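Single chain ahead, by itself, as structure tokens, in the form deposited in one PDB entry.
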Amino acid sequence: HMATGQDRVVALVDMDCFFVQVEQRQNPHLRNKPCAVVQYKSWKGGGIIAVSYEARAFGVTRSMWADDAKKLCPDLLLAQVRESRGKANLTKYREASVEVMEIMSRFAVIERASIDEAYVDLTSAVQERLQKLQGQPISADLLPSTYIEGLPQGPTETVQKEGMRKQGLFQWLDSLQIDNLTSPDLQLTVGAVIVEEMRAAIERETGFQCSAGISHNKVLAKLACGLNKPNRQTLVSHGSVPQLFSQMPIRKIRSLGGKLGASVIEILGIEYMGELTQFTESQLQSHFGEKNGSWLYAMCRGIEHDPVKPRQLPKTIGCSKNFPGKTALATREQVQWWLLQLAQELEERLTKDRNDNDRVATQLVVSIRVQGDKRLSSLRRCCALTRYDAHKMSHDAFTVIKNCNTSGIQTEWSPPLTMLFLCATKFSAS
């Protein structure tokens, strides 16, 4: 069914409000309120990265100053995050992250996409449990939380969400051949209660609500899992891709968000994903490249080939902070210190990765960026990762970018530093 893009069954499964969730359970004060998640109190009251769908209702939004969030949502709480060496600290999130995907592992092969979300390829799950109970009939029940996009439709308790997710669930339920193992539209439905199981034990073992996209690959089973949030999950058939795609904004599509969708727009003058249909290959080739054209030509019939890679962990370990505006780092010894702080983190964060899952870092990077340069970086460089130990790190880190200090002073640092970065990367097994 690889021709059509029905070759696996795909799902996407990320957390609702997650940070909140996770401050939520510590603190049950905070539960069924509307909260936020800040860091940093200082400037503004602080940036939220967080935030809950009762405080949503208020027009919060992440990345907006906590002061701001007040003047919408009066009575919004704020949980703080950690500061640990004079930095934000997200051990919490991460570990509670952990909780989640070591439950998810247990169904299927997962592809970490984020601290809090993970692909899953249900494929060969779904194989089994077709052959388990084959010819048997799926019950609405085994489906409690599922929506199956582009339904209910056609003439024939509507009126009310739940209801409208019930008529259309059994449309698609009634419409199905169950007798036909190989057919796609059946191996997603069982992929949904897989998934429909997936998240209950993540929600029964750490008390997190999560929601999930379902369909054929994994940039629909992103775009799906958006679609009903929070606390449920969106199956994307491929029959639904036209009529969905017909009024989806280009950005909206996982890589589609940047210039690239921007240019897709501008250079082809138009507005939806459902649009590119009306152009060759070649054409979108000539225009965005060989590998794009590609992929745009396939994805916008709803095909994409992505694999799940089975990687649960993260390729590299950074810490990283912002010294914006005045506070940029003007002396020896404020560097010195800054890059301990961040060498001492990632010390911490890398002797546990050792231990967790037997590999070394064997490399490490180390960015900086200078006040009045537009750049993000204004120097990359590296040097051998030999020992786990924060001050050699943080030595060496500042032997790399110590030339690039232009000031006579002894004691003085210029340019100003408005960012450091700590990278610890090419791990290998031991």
The other form holds:
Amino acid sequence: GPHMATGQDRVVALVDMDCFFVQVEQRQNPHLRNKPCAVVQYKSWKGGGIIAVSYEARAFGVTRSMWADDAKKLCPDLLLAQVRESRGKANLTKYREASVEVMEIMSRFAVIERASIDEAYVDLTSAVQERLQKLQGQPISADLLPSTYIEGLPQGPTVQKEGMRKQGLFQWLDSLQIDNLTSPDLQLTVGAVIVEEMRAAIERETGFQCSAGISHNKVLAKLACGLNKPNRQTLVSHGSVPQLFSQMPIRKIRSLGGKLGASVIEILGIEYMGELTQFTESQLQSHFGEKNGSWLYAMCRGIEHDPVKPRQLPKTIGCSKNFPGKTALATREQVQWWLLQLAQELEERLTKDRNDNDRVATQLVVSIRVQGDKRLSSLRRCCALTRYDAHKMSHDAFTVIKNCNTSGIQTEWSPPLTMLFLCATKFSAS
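Return the structure block for the form deposited in another entry; the form deposited in one PDB entry was the one displayed.
The following holds one chain only.
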């Protein structure tokens, strides 16, 4: 109808770095560039656990969450770089810093929401209308979109990938209505021109390549980004949604990869996101509750209102280490020594944070997991964080958990601890 909202009011992009930790190591070590390559943590455990994989190594089937020794069976020439270890744990300082390089450049173009160490959303609505003016009324050249895919195109009456790409892009452009400054597709198109520039800026100034999605909301931008990785960007228009969603498994939409998505599948008897359109909102609200119901009713139509939040910094600063199986911490002396390792790294990072971003954390959260409980957090207690001091912070963290020790013995800890997690939260401006 004429009163029904189509969710075309915003231009939103998600930019995600291609195999980010590997790129960071490849920039540093030229010997690793353009090779099957992976980043692991903890060498002595089956060669280390893989957390990032180059696309050359992906083509042998190497994946995240693989042990390196297993990965070598698939890929014997697989090169590896290992994560820095400090105080007996993984230290991610180099990637956090690399992330700041990327985030800052993105910030010159628009207000961003940092979504992970590697990706950010971008509300390009204002930048689009500003460019749209000063473009007078000139058409948009395909030269301006040299890595952009139009989802759903080409269609209708080349055998190579770049061949298909341009044909899709030509079809799209040749249909475009530059007469109308207020057309959503035009908005998206100009949004995509800006992301080309932004992505060019990131690579020119950091050496890092990335992919992006351009659409009208965060969920479509995120999904779009993944459609043509690596080193490419994808425009998912409102019109492209019904065909796209008609074979799109539900688990692929953001926040639907867990238990909620499974229950949508199980309770409703469906597989694809598009199948959700045949249910009334009240029906959906009835099954998955009021909030999820509303969200699903609109999302299966390509409509989502979640705003890009202005927030380039993390809201919490955290430290954890798992103590699996037999390395579980079973003495009081062990627990105190590790809380101190954690407290020391956290102090280092909080002091940095205070000087960089003019703020202080005020609350400390202590998380632990106990042997046998598969709940990845068994218990969570908190205290005041009044000083950036490792010894006090570990002493406090111990105070608030020490009563979990069921061991009648003075010097023993039971049940043995399989995770320690320290988290600084509740920031105030300093």
